[PDB]
Amino acid sequence: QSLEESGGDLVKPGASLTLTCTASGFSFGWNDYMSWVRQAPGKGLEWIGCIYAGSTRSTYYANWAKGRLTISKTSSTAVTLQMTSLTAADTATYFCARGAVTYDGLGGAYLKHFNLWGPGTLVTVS
Amino acid sequence: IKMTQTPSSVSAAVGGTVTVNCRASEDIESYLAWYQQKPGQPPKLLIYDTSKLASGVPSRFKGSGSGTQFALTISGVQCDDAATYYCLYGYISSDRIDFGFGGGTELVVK
Amino acid sequence: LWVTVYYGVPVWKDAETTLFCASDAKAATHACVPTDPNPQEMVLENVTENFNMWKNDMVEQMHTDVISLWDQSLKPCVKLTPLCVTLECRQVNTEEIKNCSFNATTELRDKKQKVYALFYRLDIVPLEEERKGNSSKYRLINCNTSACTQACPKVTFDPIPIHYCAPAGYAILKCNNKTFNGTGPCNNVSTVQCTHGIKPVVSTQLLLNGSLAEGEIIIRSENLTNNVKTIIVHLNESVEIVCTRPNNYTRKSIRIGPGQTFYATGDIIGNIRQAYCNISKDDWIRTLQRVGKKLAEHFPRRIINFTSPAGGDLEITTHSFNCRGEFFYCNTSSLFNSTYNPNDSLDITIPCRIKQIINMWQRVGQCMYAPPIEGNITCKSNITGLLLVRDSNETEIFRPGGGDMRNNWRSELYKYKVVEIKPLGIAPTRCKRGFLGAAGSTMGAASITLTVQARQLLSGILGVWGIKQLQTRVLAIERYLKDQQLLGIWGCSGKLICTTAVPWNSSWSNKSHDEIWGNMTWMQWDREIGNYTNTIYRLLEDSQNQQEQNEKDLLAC
Amino acid sequence: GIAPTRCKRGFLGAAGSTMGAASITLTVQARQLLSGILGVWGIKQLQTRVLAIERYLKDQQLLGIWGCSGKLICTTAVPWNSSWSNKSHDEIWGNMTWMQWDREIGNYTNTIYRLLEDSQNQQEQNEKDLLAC
Ligand SMILES: *[C@@H]1O[C@H](CO)[C@@H](O[C@@H]2O[C@H](CO)[C@@H](O[C@@H]3O[C@H](CO[C@H]4O[C@H](CO)[C@@H](O)[C@H](O)[C@@H]4O)[C@@H](O)[C@H](O[C@H]4O[C@H](CO)[C@@H](O)[C@H](O)[C@@H]4O)[C@@H]3O)[C@H](O)[C@H]2NC(C)=O)[C@H](O)[C@H]1NC(C)=O
Ligand SMILES: *[C@@H]1O[C@H](CO)[C@@H](O[C@@H]2O[C@H](CO)[C@@H](O[C@@H]3O[C@H](CO[C@H]4O[C@H](CO)[C@@H](O)[C@H](O)[C@@H]4O)[C@@H](O)[C@H](O[C@H]4O[C@H](CO)[C@@H](O)[C@H](O)[C@@H]4O)[C@@H]3O)[C@H](O)[C@H]2NC(C)=O)[C@H](O)[C@H]1NC(C)=O
Ligand SMILES: *[C@@H]1O[C@H](CO)[C@@H](O[C@@H]2O[C@H](CO)[C@@H](O[C@@H]3O[C@H](CO)[C@@H](O)[C@H](O)[C@@H]3O)[C@H](O)[C@H]2NC(C)=O)[C@H](O)[C@H]1NC(C)=O
Ligand SMILES: *[C@@H]1O[C@H](CO[C@@H]2O[C@@H](C)[C@@H](O)[C@@H](O)[C@@H]2O)[C@@H](O[C@@H]2O[C@H](CO)[C@@H](O)[C@H](O)[C@H]2NC(C)=O)[C@H](O)[C@H]1NC(C)=O
Ligand SMILES: *[C@@H]1O[C@H](CO)[C@@H](O[C@@H]2O[C@H](CO)[C@@H](O)[C@H](O)[C@H]2NC(C)=O)[C@H](O)[C@H]1NC(C)=O
Ligand SMILES: *[C@@H]1O[C@H](CO)[C@@H](O[C@@H]2O[C@H](CO)[C@@H](O)[C@H](O)[C@H]2NC(C)=O)[C@H](O)[C@H]1NC(C)=O
Ligand SMILES: *[C@@H]1O[C@H](CO)[C@@H](O[C@@H]2O[C@H](CO)[C@@H](O)[C@H](O)[C@H]2NC(C)=O)[C@H](O)[C@H]1NC(C)=O
Ligand SMILES: *[C@@H]1O[C@H](CO)[C@@H](O[C@@H]2O[C@H](CO)[C@@H](O)[C@H](O)[C@H]2NC(C)=O)[C@H](O)[C@H]1NC(C)=O
Ligand SMILES: *[C@@H]1O[C@H](CO)[C@@H](O[C@@H]2O[C@H](CO)[C@@H](O)[C@H](O)[C@H]2NC(C)=O)[C@H](O)[C@H]1NC(C)=O
Ligand SMILES: *[C@@H]1O[C@H](CO)[C@@H](O[C@@H]2O[C@H](CO)[C@@H](O)[C@H](O)[C@H]2NC(C)=O)[C@H](O)[C@H]1NC(C)=O
Ligand SMILES: *[C@@H]1O[C@H](CO)[C@@H](O[C@@H]2O[C@H](CO)[C@@H](O)[C@H](O)[C@H]2NC(C)=O)[C@H](O)[C@H]1NC(C)=O
Ligand SMILES: *[C@@H]1O[C@H](CO)[C@@H](O[C@@H]2O[C@H](CO)[C@@H](O)[C@H](O)[C@H]2NC(C)=O)[C@H](O)[C@H]1NC(C)=O
Ligand SMILES: *[C@@H]1O[C@H](CO)[C@@H](O[C@@H]2O[C@H](CO)[C@@H](O)[C@H](O)[C@H]2NC(C)=O)[C@H](O)[C@H]1NC(C)=O
Ligand SMILES: *[C@@H]1O[C@H](CO)[C@@H](O[C@@H]2O[C@H](CO)[C@@H](O)[C@H](O)[C@H]2NC(C)=O)[C@H](O)[C@H]1NC(C)=O
Ligand SMILES: *[C@@H]1O[C@H](CO)[C@@H](O[C@@H]2O[C@H](CO)[C@@H](O)[C@H](O)[C@H]2NC(C)=O)[C@H](O)[C@H]1NC(C)=O
Ligand SMILES: *[C@@H]1O[C@H](CO)[C@@H](O)[C@H](O)[C@H]1NC(C)=O
Ligand SMILES: *[C@@H]1O[C@H](CO)[C@@H](O)[C@H](O)[C@H]1NC(C)=O
Ligand SMILES: *[C@@H]1O[C@H](CO)[C@@H](O)[C@H](O)[C@H]1NC(C)=O
Ligand SMILES: *[C@@H]1O[C@H](CO)[C@@H](O)[C@H](O)[C@H]1NC(C)=O
Ligand SMILES: *[C@@H]1O[C@H](CO)[C@@H](O)[C@H](O)[C@H]1NC(C)=O
Ligand SMILES: *[C@@H]1O[C@H](CO)[C@@H](O)[C@H](O)[C@H]1NC(C)=O
Ligand SMILES: *[C@@H]1O[C@H](CO)[C@@H](O)[C@H](O)[C@H]1NC(C)=O
Ligand SMILES: *[C@@H]1O[C@H](CO)[C@@H](O)[C@H](O)[C@H]1NC(C)=O
Ligand SMILES: *[C@@H]1O[C@H](CO)[C@@H](O)[C@H](O)[C@H]1NC(C)=O
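Residue numbers (the deposited numbering), protein chains in the order written: chain H, 2 to 35, 35A, 36 to 52, 52A to 52B, 53 to 82, 82A to 82B, 83 to 100, 100A to 100J, 101 to 112; chain L, 2 to 95, 95A to 95D, 96 to 107; chain A, 34 to 60, 70 to 136, 152 to 185, 185A to 185D, 186 to 309, 312 to 323, 323A, 324 to 359, 361 to 399, 411 to 457, 462 to 503, 521 to 548, 568 to 663; chain B, 495 to 503, 521 to 548, 568 to 663.
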């Protein structure tokens, strides 16, 4: 099982983006949180957001991209990272990943696993 | 989330030890994880819940902590991987999204 | 771990309830609400449910409501007691129509008048007299049974669709599993507030004007090896059928009492013609060969014989069919005249009989009289299904059948089930002190979702028909108040999430925190700890929410 | 009904007067509403009683979800929109009756209710109490 990732290219600044991450050899099921991160040079992984397989909930860090970021489920095997206007995409690369959480039973959950990662891609502009 | 780390880089004698410190501003009840990122790669998970060794990861990577201070100790260290070590944390709720990851520390030994 | 109380838990129980009768907003209609069904269907991902069309109370409920509204329409109509007199009949000279004379009651009760009317032989019973070729004496059929009622002008025979809608707290689950055979699991379900409109079309043998199958022809039965069960065949293609009564009758009006009249058949305009139905031959043949094959799959290594009518009693042997209020009893023996062997113009004429005395719904004594209808009595319809009955000879012999009207509704209602939502539930946590969309997912995932979704339950805050509505409203109030009351006594205002002081018993469940929250849905959990419901409630109401007040506040004296 | 104030978190006798005057009066007068707590004729009575119960419960329920027990006056955490009304504090309270006000902001009724029930009375509990784990 592995993740594939593609769809990045050079686009006009402020242009949209639809990256696709694919579940090669598998489908996403219970407790599969399909997430995206941003990798800047000299930094780690900044959080973009994730979706829950088995439902329609999409959680993302709007404090970074409210109105800029949508994470959408497509096939049972794939997720699309949808951006409405690219800037920082020219600095940090994107990676998709398959993770999991522990639920508290009090209305939330904490991260534990990020076991599968896509190869990632830079999506720059000019 | 609010978090810091120290140092920005690490070194050790080969076969010795390395310490990487994750210093959250936030008080976390053992929900953090350590990652190893080799150049050109996504980070590999090393440790769960601040101290549990992940499958496929050697015993070289051990750690602990509580509250705001957590650390990764690497022992019998090689830097063959030339990785940056990182601290991860995040919480999902419907009212707030609390997530982050550190800048990590670059390791070189000899 | 500790017991945490949750509100808005997406679980349900199979449940029977009176559904609202909804009508056509654009509109037997006064009894139902002319609103928008608002079929906001939601698909439940990863949810499998058990459906059973043969045990569906919606079918039984519909049967009762269809009959009840039909009966109300005849309530103000005239009982033809004055016609139960000796009839002197002669052959019409303008062989099923007889010319009969009566001594009818006039507006004045002390006078009689000699009148005549034409009747169908099927509605007439001979007295102890023989045909002489000129005249004989008769009784109207059923004068020894009931004062048959004349349908009033403006009784409607329009099969206006009915929609059933759930009361708050209930949901209707629809099965979208194409090829589902009516029983067992359905792996694709969704919920609606209301069903599609169902036209209460009444027929036997051939089901008309229903919904066609999405995929291939589906054959459903309670038990396919039981020769006493009816087999319902759902076609995926319609077959064109048009029926007509081309004989130009005139309606006469006979006073039969002080303020009431009888509508009589008379003055045939010239020609005598037999009523009949027009059925496409190629479509009929293709349909049966296809049905034959599907039956062969259920009954392999057998010859299939769609070869016989019931045996001769008109009420069960012919195709009961209505056309604009007219009643046809058509002979389908020419349709069901073929076989199938898996390894082996252009129309069909169906002669029809016409009858004015109707024993509607197979009841006895509840007789309706159908007045003659003038003009072009032609109706074009779609055959959408068949009701077949399986009969030693390594042959499976089938006959068309029916008469149990429930089957005409099972054929539409097989897709629906009614369940009751049960919003309260508990689960262990580590802390001491669109509603069903979160279903099929784990409890953990749902618990996050429910911090918002639970509030969708807050959207739920004519004679016998008045009663049905009052019972529905009163029950909705009663259930609401009981849940509010339990939450109150458990100290769970702010009810979506309520931690308590009751410890978790490993005897209820010995699964770990993550084994429970990440590997179970709420319904699975509800089943696993379901019999401890009363135990938990007692611990919460009698002990912890009493002790937690008395030991803290009375000390403040 | 609602109206803006500066604070963040005989029944109809007070009519024809300004909202301000009524708001003082209603600290007492609002309680007069608590006095409201054969064939077809049996039905007419049952429908009447059931409806009275239904309306009562719906109002109690809304107040419950908005965190407004002690309902005569309930401050909330929802900010006032100038788009609903751009009149000043005194222009509203001293120059309008309650019915005039109800008409002026009447089509925002559902907006305000959503802000109160879906957001402020959810956020105000989750961000304070779940943290006490
Ligand atoms: C529709 O409904 C069905 C109901 O069955 C859901 O089924 C769930 O599917 C998920 C994903 O396939 C299941 O989770 C998987 O369970 C496997 C078994 O675990 C046992 O063995 C491991 C071995 O160490 C033990 O640790 C564990 O305690 C058990 O004893 C795991 O092996 C799977 O892990 C694999 O994928 C993960 C991904 O990160 C890797 O990290 C792992 O290394 C490994 O490769 C996985 O955990 C779940 O149990 C199923 N539920 C049930 C009841 O069977 C569907 O998912 C659901 N679909 C949707 C869309 O909701
Ligand atoms: C399967 O479904 C089909 C389709 O609906 C049914 O066939 C229809 O049945 C209805 C009766 O239930 C027929 O309706 C009758 O049509 C007569 C002819 O209408 C003429 O004028 C209209 C004006 O717009 C034209 O459109 C039309 O083409 C004709 O020119 C009407 O005269 C009848 O009126 C009676 O009822 C009304 C109700 O208020 C009274 O006011 C009138 O005085 C009068 O009593 C009536 O409208 C309809 O024509 C049928 N269509 C076809 C194609 O046959 C099938 O019957 C149904 N299957 C079964 C088994 O029911
Ligand atoms: C309704 O259900 C029937 C039954 O499944 C469907 O019948 C199928 O029709 C297709 C053609 O449209 C048939 O395929 C072809 O049949 C010929 C017959 O000699 C064969 O030579 C071709 O190679 C090919 O198979 C198909 O076999 C047939 N199925 C059966 C069981 O006979 C029908 O299409 C369905 N109608 C709708 C609207 O879905
Ligand atoms: C109290 O209200 C009256 C009524 O004014 C109407 O409602 C207001 C909210 C606004 O929409 C006005 O335009 C409406 O006419 C006020 O009387 C008005 O005063 C203006 C001043 O130029 C005058 O042109 C209007 O004709 C007056 N309206 C009437 C009906 O005579 C009055 O001034 C308000 N009092 C205070 C202190 O604000
Ligand atoms: C049914 O019978 C009535 C009489 O029994 C027929 O009506 C009579 O027809 C004769 C023909 O000349 C008239 O002279 C009479 O005045 C008619 N009325 C009566 C009351 O006798 C009637 O035509 C027959 N109906 C049909 C369809 O043949
Ligand atoms: C209507 O009433 C008249 C009554 O006069 C019936 O006609 C008589 O029937 C008796 C029966 O035996 C005969 O003996 C009389 O000769 C008949 N009189 C006439 C003038 O015909 C008449 O038959 C009754 N109508 C029906 C339909 O029975
Ligand atoms: C009303 O009359 C009908 C017709 O005579 C009766 O039905 C007949 O009953 C006998 C009894 O053995 C049967 O042999 C006939 O075949 C029946 N006729 C038909 C058409 O089925 C009916 O029972 C009578 N009803 C009452 C209440 O007396
Ligand atoms: C619901 O649909 C599923 C497919 O959508 C049907 O699954 C079939 O189940 C039988 C049982 O032995 C299998 O042999 C078939 O191979 C299954 N089909 C597929 C496509 O996998 C299911 O049976 C349907 N429900 C009912 C009652 O028929
Ligand atoms: C409808 O489909 C179900 C599912 O295939 C049939 O029920 C199965 O019948 C076989 C017969 O031996 C049993 O072994 C299975 O255990 C049954 N499964 C279930 C879920 O019941 C059912 O009989 C079919 N019904 C009809 C009328 O054909
Ligand atoms: C499960 O049932 C749902 C509901 O009928 C199916 O969803 C429909 O799929 C068609 C395919 O194009 C869409 O046009 C409809 O709009 C969908 N309906 C809804 C309400 O979304 C779904 O495809 C079914 N899945 C299977 C495997 O049969
Ligand atoms: C359909 O019903 C028939 C009976 O109504 C079932 O077959 C019989 O079941 C009884 C039950 O004890 C047995 O004693 C008989 O021996 C059975 N008959 C035969 C021929 O074996 C039949 O199994 C039911 N079929 C299904 C699919 O449920
Ligand atoms: C339906 O029509 C068939 C065909 O006409 C009827 O069967 C015929 O009945 C007559 C009665 O004497 C026989 O002489 C014919 O030989 C029969 N035809 C065949 C092909 O066997 C049948 O009785 C009619 N059924 C009903 C209920 O009226
Ligand atoms: C049922 O089908 C049979 C044939 O399968 C029909 O009988 C045949 O009718 C044709 C008409 O010209 C004759 O040439 C054949 O000789 C007849 N066959 C036999 C064996 O006699 C029969 O009439 C059909 N019945 C109905 C009710 O339609
Ligand atoms: C199934 O239907 C076929 C006809 O479609 C029946 O065939 C008849 O068989 C008898 C046997 O001697 C012949 O005399 C008839 O002439 C055949 N009919 C025709 C039209 O030729 C067959 O018997 C039926 N099978 C069963 C078990 O009822
Ligand atoms: C269906 O209806 C049509 C007419 O509406 C019937 O057509 C007639 O069939 C007879 C048969 O010989 C012809 O002589 C007539 O000329 C036809 N009419 C026309 C206008 O051409 C047709 O027979 C009916 N079909 C059935 C099954 O009875
Ligand atoms: C009917 O006609 C026959 C012919 O002879 C006759 O004998 C018989 O009596 C007539 N019947 C009546 C009722 O007039
Ligand atoms: C009969 O089937 C045809 C097929 O196109 C459809 O258009 C028509 O509306 C159907 N009639 C009825 C009464 O359902
Ligand atoms: C079809 O196969 C069955 C298998 O038992 C056989 O009995 C039957 O005679 C066959 N029919 C033909 C037409 O070969
Ligand atoms: C019946 O006959 C009259 C005679 O003029 C004609 O106008 C009418 O259309 C006919 N009705 C039918 C149904 O044929
Ligand atoms: C009845 O309606 C059909 C519809 O086309 C028509 O062909 C037929 O002639 C009509 N009959 C009469 C008597 O109007
Ligand atoms: C669990 O149930 C047993 C039954 O006797 C009881 O004794 C025990 O105290 C219970 N434990 C909890 C946590 O309620
Ligand atoms: C509840 O009782 C039923 C009786 O058959 C049993 O099957 C089920 O497992 C019981 N559930 C619990 C929680 O004990
Ligand atoms: C007023 O309404 C506008 C409508 O878009 C909204 O954007 C703004 O935030 C609202 N302000 C307040 C105080 O609710
Ligand atoms: C509400 O809508 C009506 C529609 O005519 C409008 O006249 C009225 O001013 C509106 N009120 C508000 C508060 O927008």
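Keep in mind the hints are simulated off the structure, nothing from the lab. A hint or two may mislead.
From chain B, some residues computed to sit far from chain A (all C-beta separations above 10 Å) [said to hold, decoys possible]:
1. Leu537
2. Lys588
3. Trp628
4. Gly636
Below, a list of computed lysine to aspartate or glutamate pairs in the EDC-like style, where the Cα atoms sit at most 20 Å apart [claimed, not checked]:
5. B:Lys588 / A:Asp589
6. L:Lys45 / H:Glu46
7. L:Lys53 / A:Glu621
8. A:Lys305 / A:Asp399
9. L:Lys39 / H:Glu46
10. H:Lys43 / L:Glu103
11. A:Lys305 / A:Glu164
12. H:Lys64 / L:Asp95A
13. L:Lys3 / H:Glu46
14. H:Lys43 / L:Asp82
15. H:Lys43 / L:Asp95D
16. B:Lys588 / A:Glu584
17. A:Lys348 / A:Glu464
18. A:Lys347 / A:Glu290
19. A:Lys502 / L:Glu30
20. A:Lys347 / A:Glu440
21. L:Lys39 / H:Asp10
22. A:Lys588 / B:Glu584
23. A:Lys492 / A:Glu91
We treat Cβ as the ideally placed atom computed from N, Cα and C, and that holds for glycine.
Hints and how they fare:
1. The Cβ of B:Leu537 lies farther than 10 Å from every Cβ of chain A, with a closest approach of about 25 Å, so its non-interface assignment holds.
2. Some Cβ of chain A comes within 10 Å of the Cβ of B:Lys588; the nearest lies about 5 Å off, and the non-interface call is violated.
3. Its beta-carbon lying about 25 Å from the closest one in chain A, B:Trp628 satisfies the requirement of being farther than 10 Å from that chain.
4. Every CB of chain A lies more than 10 Å from the CB of B:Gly636, the least distance being 22 Å, so the non-interface label holds.
5. A hinted pair counts as satisfied when its Cα atoms are at most 20 Å apart, and B:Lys588 with A:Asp589 qualifies at roughly 15 Å.
6. For the proposed pair L:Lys45 and H:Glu46, the alpha carbon gap of about 15 Å is at most 20 Å, so the pair holds.
7. In summary, the hint linking L:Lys53 to A:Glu621 is supported, as the alpha carbons are separated by about 18 Å, within the 20 Å threshold.
8. For the hint pairing A:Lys305 with A:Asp399, the CA-to-CA distance comes to about 58 Å; that exceeds 20 Å, so the pair is violated.
9. Distance hint between L:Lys39 and H:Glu46 is fulfilled; the C-alpha atoms sit about 17 Å from each other, no more than 20 Å.
10. The suggested pairing of H:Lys43 with L:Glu103 holds, with an alpha-carbon distance near 11 Å, which does not exceed 20 Å.
11. A threshold of 20 Å between alpha carbons decides the hint, and for A:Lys305 with A:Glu164 the separation of about 17 Å falls inside it, so the pair holds.
12. For the suggested pair H:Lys64 and L:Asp95A, the alpha carbons sit about 14 Å apart, so the restraint of at most 20 Å is met.
13. Between L:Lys3 and H:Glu46 the alpha-carbon distance is near 13 Å, which keeps this suggested pair within the 20 Å criterion.
14. Taking the CA atoms of H:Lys43 and L:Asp82, the gap is about 18 Å. The hint holds against a cut of 20 Å.
15. For a cut-off of 20 Å, the pair hint linking H:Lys43 to L:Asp95D stands: about 18 Å separates their Cα positions.
16. Between B:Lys588 and A:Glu584 the alpha-carbon distance is near 14 Å, which keeps this suggested pair within the 20 Å criterion.
17. Taking the CA atoms of A:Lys348 and A:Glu464, the gap is near 17 Å; set against the 20 Å cutoff, the hint holds.
18. For the suggested pair A:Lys347 and A:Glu290, the alpha carbons sit about 16 Å apart, so the restraint of at most 20 Å is met.
19. Between A:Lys502 and L:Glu30 the CA atoms are separated by roughly 16 Å; this keeps the pair inside 20 Å, and the hint holds.
20. Straight-line distance between C-alpha atoms of A:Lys347 and A:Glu440 comes to about 44 Å, which puts the hinted pair past the 20 Å bound.
21. Between L:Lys39 and H:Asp10 the alpha-carbon distance is near 24 Å, which puts this suggested pair outside the 20 Å criterion.
22. Restraint check for A:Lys588 and B:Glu584: the C-alpha separation of about 15 Å stays at or below 20 Å, so the hint holds.
23. A hinted pair counts as satisfied when its Cα atoms are at most 20 Å apart, and A:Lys492 with A:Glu91 qualifies at roughly 16 Å.
Checked against the numbered hints given earlier, the structure breaks hints 2, 8, 20, 21 and satisfies all the rest.
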